[PDB]
Every structure is written in C-alpha cells, then in structure tokens.
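For reference, the chain that follows is the form solved without the ligand, supplied as structure tokens.
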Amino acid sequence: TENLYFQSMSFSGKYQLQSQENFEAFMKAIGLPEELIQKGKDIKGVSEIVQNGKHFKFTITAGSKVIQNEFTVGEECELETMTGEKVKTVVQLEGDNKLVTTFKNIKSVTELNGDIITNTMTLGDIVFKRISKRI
C-alpha cells in the first residue's frame, strides 16, 4: 500500500453568485425548457461547499433549482446534473485550487482564487462561467 499526499486550499463556505456568463445558450444546450431558463436567468443566490480533506458536499442554486451532490476526489461518485438526471464521473484535484471533471462532453472546472470561486463548464463552443465570492 502506497501513500500519496496532496493538499488543497479550502473550498468550504457559502458563495454568493455575482457574475454569470452565457447561462442561456448553455442551459438551452443541455436541453432545458425555456421556462426554467427564463425563471432562473438572472437569479443570483448562494451555493455551499463543505470540504473535509477529499470528501466533498456541495449545494448549488442553479437558476431556479437547488441541486445537491457529494463526491470524493479521484473516486468514482455519481452526481446529479443541472437537469433532471444522473451521471458517474471522477473529480480530480489539479494544483492546490482546482476541481476538474468531464461528463457528458461537459468539462467542469472549479477554481478558487482566494475568496472568490470561478466555475467554468465548456460544452463545445459554449463557455458557461459563474463567479461567486465567499461570505
């Protein structure tokens, strides 16, 4: 048995969504009714992340829906996507401040630069970007 020691900043805390880039084309892309899209286009609430080592619990307010997932880094956990549905993907740790996973052709990056967190999902030529600050 080998031991691999890694380390990250600390993603714990609630983040207030401030800037959202390209919510429409991307939401519309994944196949979301234009209703929900329009019901959630400029809502900006709070998301929460509770990190304990590599055990992650995170609640997201995506438009008008509160999604809740859990994962462990490098472990194959199943997540619920923005829409009604479910996938299996592995979340990896890049550097000391990146969570990176790909699932369904969607590439998810979550960067933490100090007190602010940028979430970038690029599905093709579409780049959905959300910028929240810890509080």
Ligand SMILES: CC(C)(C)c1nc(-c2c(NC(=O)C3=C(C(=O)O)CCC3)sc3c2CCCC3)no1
Given for the second form:
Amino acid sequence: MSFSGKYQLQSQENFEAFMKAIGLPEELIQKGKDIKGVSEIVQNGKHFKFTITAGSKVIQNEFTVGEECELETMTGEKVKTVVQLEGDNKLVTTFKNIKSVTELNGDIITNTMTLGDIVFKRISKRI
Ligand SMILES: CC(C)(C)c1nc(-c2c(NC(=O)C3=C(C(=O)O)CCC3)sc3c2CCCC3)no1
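Please supply the coordinates for the form solved in complex with the ligand, as a counterpart to the form solved without the ligand shown previously.
What follows is the whole complex; the chain from before opens it.
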C-alpha cells in the first residue's frame, strides 16, 4: 500500500498546546493555528519524500525506512532518528521526546504526535 499523494488538513486537535510545549513564539501559533494547507508524500518503496505544511511553516523530510535520517523540526533544527514501517499503513518514529505515528486508511491520513500528555492529532484527506 502506498502513501503517495497530496493531502489537505481536515481538522486538528491540540495545535496550540503542542506548539506551546515545543517553544513556538505565540505569534507563530496564532498565525498558524487555523491554516489548512496541503501536505505532499512521494513514496518510492522504502524511500519517502515529505513536503509538509505545518501551521505557517513548510517542512521537508526525505528518508528511507529503517535507515538513519534527519527530520526537520518546527524550530528549524535537524534531529537524527529512524522511521519505521509498522504494517503496511503506519509510519512510526521518535524525536525530541515526541512519539509520532502516521497512519493511512484509504484516503485519510491520521498523524498523531505525542509529547508528554499532549496528543497533537491531525487528520488529512487525499485530494
Ligand atoms: C510523517 C513524518 C515523516 C514522520 C513526519 N511528520 C512530521 C510533521 C507533521 N506531519 C503532518 O502533518 C503530515 C500530514 C498532514 O498534514 O496531516 C500528512 C503526512 C504528515 S506535522 C508537524 C511535523 C513535525 C513538527 C511539528 C509539526 N515530521 O515528520
């Protein structure tokens, strides 16, 4: 099953709480909290390219699952980690104490990022 596609954010929970917890300037939080942009995934086998719209920032990540890679953070910083496949439809990874799980079901992607007790959840639909 392939993740490839262009996805528009439908809804999200805890954007503000999550962004505050990672130290985003309140100014970038209010500007970005209501943006419903488009995220793109290009999948080639175990190689993924992500162009993500997160609030008012565009985040870019390329990686091969199982290999070491660098993920870009909201704050601009790069972090070493590894992204795994769990089943055919779940990408799982951890960085800066954040547990992320990105799951595809048909045309719906559910991105769940957990930091402390904050569950930041984003739901996007293929366009
Ligand atoms: C999945 C992977 C590569 C591990 C990854 N996701 C992110 C990532 C997000 N991703 C999404 O929102 C996504 C979609 C969507 O728009 O709902 C559809 C696919 C991903 S938001 C976000 C970050 C990091 C810092 C904080 C804010 N970073 O790496």
